[PDB]
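Novice: Given chain C, put chains D and E with the ligands in place with the hints provided.
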Amino acid sequence: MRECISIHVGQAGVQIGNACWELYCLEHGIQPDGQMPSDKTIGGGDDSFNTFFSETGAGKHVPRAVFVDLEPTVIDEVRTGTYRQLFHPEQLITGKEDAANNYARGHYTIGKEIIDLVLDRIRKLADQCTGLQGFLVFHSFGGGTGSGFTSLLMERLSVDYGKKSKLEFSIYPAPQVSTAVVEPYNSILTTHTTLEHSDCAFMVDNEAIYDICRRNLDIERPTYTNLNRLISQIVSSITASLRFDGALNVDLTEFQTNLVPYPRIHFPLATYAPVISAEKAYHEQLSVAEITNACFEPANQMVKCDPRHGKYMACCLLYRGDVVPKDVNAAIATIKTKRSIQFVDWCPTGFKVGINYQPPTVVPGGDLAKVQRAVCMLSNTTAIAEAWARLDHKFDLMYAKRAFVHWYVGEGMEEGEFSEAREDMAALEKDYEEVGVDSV
Amino acid sequence: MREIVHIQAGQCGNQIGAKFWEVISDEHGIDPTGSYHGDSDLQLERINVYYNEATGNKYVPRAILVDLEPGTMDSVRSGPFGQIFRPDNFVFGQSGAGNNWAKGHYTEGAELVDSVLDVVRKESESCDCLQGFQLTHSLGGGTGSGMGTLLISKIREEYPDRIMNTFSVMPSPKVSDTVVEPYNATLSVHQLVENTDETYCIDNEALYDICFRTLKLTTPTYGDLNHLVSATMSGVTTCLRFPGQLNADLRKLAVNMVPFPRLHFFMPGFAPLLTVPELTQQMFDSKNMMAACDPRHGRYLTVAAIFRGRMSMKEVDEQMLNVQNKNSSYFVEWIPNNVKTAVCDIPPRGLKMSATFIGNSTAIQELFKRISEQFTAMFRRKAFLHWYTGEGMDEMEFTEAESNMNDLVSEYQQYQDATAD
Amino acid sequence: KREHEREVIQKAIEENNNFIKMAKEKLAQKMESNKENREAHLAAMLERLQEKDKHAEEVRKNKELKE
Ligand SMILES: Nc1nc2c(ncn2[C@@H]2O[C@H](COP(=O)(O)OP(=O)(O)OP(=O)(O)O)[C@@H](O)[C@H]2O)c(=O)[nH]1
Ligand SMILES: Nc1nc2c(ncn2[C@@H]2O[C@H](COP(=O)(O)OP(=O)(O)O)[C@@H](O)[C@H]2O)c(=O)[nH]1
Ligand SMILES: CNc1nc(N2CCCc3cc(OC)ccc32)c2cc(F)ccc2n1
Ligand SMILES: [Ca+2]
Ligand SMILES: [Mg+2]
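Chains as they are written, first to last, in the authors' numbering: chain C, 1 to 440; chain D, 1 to 273, 284 to 431; chain E, 75 to 141.
Next up, chain C with everything else stripped away, as it sits in the complex:
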C-alpha cells in the first residue's frame, strides 16, 4: 500500500501536474489510455507504482490525483489533451471565476464556494486507499488560487486527516515570469497560513529554473513548458523512491527524518544534475562523480541562495540509473576535501544516499538529454533563508505604503493578518539564524 494522493492547485500546480503525470506514465510504461501491458495483476496489485496509480477492473491505471483551479481555462486543456483519458472527470474540478491574483478571493470569497466539493473528491480518493501515506500539494506562491486556496485546503486537510503527511511543491515567484505585482503579498500570506500544516515543502524558484534552462539547454526565452519539464524531472527523482522498488532504494520518509530537524525548519534545497542538451550530451558521458560534483555548484539549485555562505543540517543524494555505491562513495570523498560543506555543530556530517536503478526518462521532443544516470540532492541549509529575505523585502516595500492592500481588505481581510503573517516570516528568518549558531 502506502498510497500518495497528489493535489494540483491553480495554473502552475495544474500544468506542473501535466508535466509530472506525463513523465510518470513514460516511466512506468502506461499509455495515454491508462493501459499498462506489463501489469499482469488486473484490476489491482501492491506493486510500487500503485502508490501513485490505482487500477480499474478494465485495466486502466488512474492517477491518484486531483486538479483544482478556480477557473476552467487551464483544466479544460487537460480535459481535451493527450492524457484526457487518464483522469476520471470527477478528478478535474474547476470553477467559473478565478482568484484574480488575490489571496483573499482564493482563500475566502471565491474559494469557500468550492472547498467542500474538493474535499469530497479528495475523500473519494482516500477511500480507495488501503494504507494512505499522505498528500502531495503542487501550487504557486504567487497566484491567488495557488496561494489562498491551497492554504484553505491545507487547513481543511489537517482537520479531516489529522497529522497525516502533507508535502508541498511550491512555485516561488520570479520577476522573469511573474504575473502580478502582488505576488509577494500572496506569498507571505500563504507561507504563514500553511507553515503549521505542512511537514515538508520543496520550493522551486522560477528564476533558478529559468536560468538553468537558459544556460544548460540554451532556450533563449524558456516557456512554462520548458520550465515544467525540468521541474517534473526533479519531482520524479523525489518520488522515485515511492514508485519504484529497489535494493539500494531509500524511502522518501527516511530522508525526511534527516531533513526536518525542527517542525518549522522543513524547507529542503533541491539540486539536480545533469541538465544537458542532446547536442552537448552526444559523445560526452557524465560519470557518477561528475553529476555528483554538479550538485554543489549553486547554479544548479532550484532556489537561488549560497549554501557556501550558510550551514548544512542535512545532505541527501537520490541517484537514479547506472550508479553503484562504490562510485558514489568515491565521489563524495573527493567533494568532501575539495568543497565548502560546513555542517552545524549539532548534527552528523554524513551523506544519506539512495539509488534507484531505473534510468531517468525524457519526454519526446524535450530539450533534456536522455542520460544514463542522474542525481537529485536534498540538503537542509540555512542558506535557503535568503529566499525568505528577498521575498520579505519585496513585501515590506509595498506594505509600508499599504499599496494594493485595499483589494485584500475589500474581500474581508484585515491589516492584522498581514502583520501577523509578516511577523511569522520574521521569526522564520530568525529561526534560520538560530539553528546555525554554534552550541555553548
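Source of the hints: derived by calculation from the structure; they are not laboratory data. Where hints are given, some of them may not hold.
Just the calculated beta-carbon pair ranges, DEER-fashion [unchecked claim]: (1) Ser40(D) / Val324(C): 50 to 58 Å; (2) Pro243(D) / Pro325(C): 46 to 54 Å; (3) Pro243(D) / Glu113(C): 19 to 27 Å; (4) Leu101(E) / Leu248(C): 38 to 46 Å.
List time: in silico DSS-like cross-link candidates among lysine-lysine, alpha-carbon distance up to 27 Å [as the list claims (entries may be wrong)]: (5) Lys109(E) / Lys112(C); (6) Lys109(E) / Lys96(C); (7) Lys104(E) / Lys163(C); (8) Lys379(D) / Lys392(D); (9) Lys336(D) / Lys401(C); (10) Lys98(E) / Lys163(C); (11) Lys124(C) / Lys98(E); (12) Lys100(E) / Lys430(C); (13) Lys112(C) / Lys100(E); (14) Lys280(C) / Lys324(D); (15) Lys100(E) / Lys163(C).
Backbone N, C-alpha and C define an ideal beta-carbon position, used for all residues, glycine too.
Specialist: For chains D and E with the ligands alone, coordinates are given in the frame of chain C:
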C-alpha cells in the same frame, strides 16, 4: 466565458464607441451582418467577451447605445456596421442634454436612466460570468458626462462586485469652444474617483496636439482624433480579446494597476503614430501619450505594455528591461516589478508592429490641474451657475467636486514624493 | 511502566486531537470574521450609493420649488 458589457453614452460616447466595434470586428473577422469570415480561429477563442452568440452563427455586440437626443442614435445604424447591433439596445431620449451636466445626472437623464438600466440587466443576466462594464463617453457633453456618471452610480448599486471600467474623453479648449466644459468634466471626475475601478484618460488636448504636431494636420477633425482613440482602444483590450500567457480580465488589471482605489486614472500610449527598441522608446515618449502629461514630470506607480506584431520577445524582454534601467528614477521604488508586458501575434489592421502602453503615472495630476484651472476661472466668477443651480443643485455641490479633485492630485503628489528608505 | 506506556499513547492522542480542534476552530473563526468584514464593506458601499439617490430627490425637489 468572461463577458464585458459595453455602454456608449452621449455624443462623443457613441461615436468613439462605434469605431471601437468596427476595428475589433475586423480584427476578429466579423462583417456588418455579424458572421465570421476570418482566417485564424484565434479570433473566436475569446470572442464571447465582447460578442453575444446568435444562431445562424451571428455575433451581436453586447453593446448598449444611449443618448438624450436621437440624432447620434440615427447616425449609428446608418454608420458602417449599424446593422450588427441589437435594435432593442438603442435607448434614446428626445429633449437632449444641451451640454448641461445637471440635465444628464439629476433631471432629464434621471428619467431616461431606468430604461437603460432595463437593457443592462437583460444583457447582464445572459452572461455566464459577468466581468463588468466599460462605458465610452466624454466629460464635457452633458449626456455622456452627467448621465454616464449617473448610469455608473446606478449600475454599481446593482452590481457592486463587478468592475466599472470607463473610457472618458477630456475636454480641451483646442477642440471645443463650449464654455461650460470645465464645469462638466470636474463634476464627472468627482464621480469617476468614487465609482469606477479603472478609467483610461482619453485627453482631447493630447489627441489634438498629436494630430497637429506629429501628424501635421493643420485643422483636425473629430474623425482624425477618433482615429487615434480606436487604435488606443483596440490596444488596451487586446489581452481581453485574445489568448496570452496571462488570463487578462478587467479585475486582474485593477488589482495589479491600482495601488490605491482612487488613483485609477491611466495614461494611455500608442506607437507608432519599426524596431523593438523604437517602439519601446516611443511608447515611453511623452509624444505618444494620449493624455497631455509628461511622464518625466512625475513617477510611474504601475505600467502595462502590449506588444502587437511578430517580434523576438527576448528582444522585448531586454528592451523593456533597458527602459526601466535607464529610467529608474521614474518608477516608484516601493512597488517592485511594477512594469508588466504582454505580447500578441495579431497586429491591428495596417501596422506590422504596434505597442500599446497603459500607465498609472503621478504626472496625470498634470491633466487634472489644467481642468482645475479652467474650472476655477469660472467658479470664482460664479459664471453660468444658473444652468445648474436652476436645475436644483447647491453651490456647495460645486465646491465639493472641486475639493475632491483637488485632493486627488494632492494624493498623486503624495506618492510621487514618497520614498523607500 | 505500563501506566507510563498508556500515558504516552494517551498524550499523543490528546495532542493529535487538540490540533485537529484548534485548526477547526481557527478556520471557522477566520471564515466568520471574513463574512462579517466583507459584508460590512458592501453595506457601506450601498448606504453611500443610496444617499446619492436621496440627494437626487433633494435636487429635483429644489427645481420644483422653481415653478
Ligand atoms: N513553473 C511554472 N510556474 C508557473 C506556471 N504557471 C504559472 N506559474 C507561476 O505561478 C505564479 C502565479 O500563480 P498562478 O498559478 O499562475 O495563478 P493561479 O494559481 O491560477 O491563481 P489565480 O490568481 O486565481 O489565477 C506566477 O508567478 C508564475 O510564475 C507554470 O506552468 N510553470
Ligand atoms: N475626441 C472626441 N471628442 C469628442 C467627439 N465628439 C464630442 N467630443 C467632445 O465631447 C464634448 C461634447 O460632448 P458631447 O459628446 O457632445 O455630449 P452629448 O451631446 O450629450 O453626446 C466636446 O468637448 C468635444 O470635445 C469625438 O468624436 N471625438
Ligand atoms: C485587461 N487588460 C490588461 N491587463 C493586464 N494585467 C492583467 C494580468 C496581470 C497584470 C499585472 C500588471 O502588473 C503591473 C499589470 C497588468 C496586468 C495586462 C498586462 C500586461 F502585461 C499587458 C497588458 C495587460 N492588459
Ligand atoms: Ca496490477
Ligand atoms: Mg488562474
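Novice: The structure should be examined with respect to each hint, and the outcome stated for every one.
Specialist: For each hint, the structure was consulted:
1. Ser40(D) / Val324(C): 50 to 58 Å: 55 Å, holds
2. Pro243(D) / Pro325(C): 46 to 54 Å: 51 Å, holds
3. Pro243(D) / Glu113(C): 19 to 27 Å: 26 Å, holds
4. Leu101(E) / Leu248(C): 38 to 46 Å: With Cβ atoms ~43 Å apart, the hint holds.
5. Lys109(E) / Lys112(C): 11 Å, holds
6. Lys109(E) / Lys96(C): Holds, at about 21 Å.
7. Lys104(E) / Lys163(C): 21 Å, holds
8. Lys379(D) / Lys392(D): 20 Å, holds
9. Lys336(D) / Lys401(C): Holds - the C-alpha atoms of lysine 401(C) and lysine 336(D) are around 25 Å apart, at most 27 Å.
10. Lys98(E) / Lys163(C): 13 Å, holds
11. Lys124(C) / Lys98(E): 21 Å, holds
12. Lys100(E) / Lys430(C): Holds: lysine 100(E) and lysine 430(C) sit about 25 Å apart, inside 27 Å.
13. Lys112(C) / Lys100(E): 15 Å, holds
14. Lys280(C) / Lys324(D): 23 Å, holds
15. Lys100(E) / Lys163(C): Holds. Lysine 100(E) to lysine 163(C) sits at ~16 Å (cutoff 27 Å).
Of the numbered hints given earlier, the model fails none.
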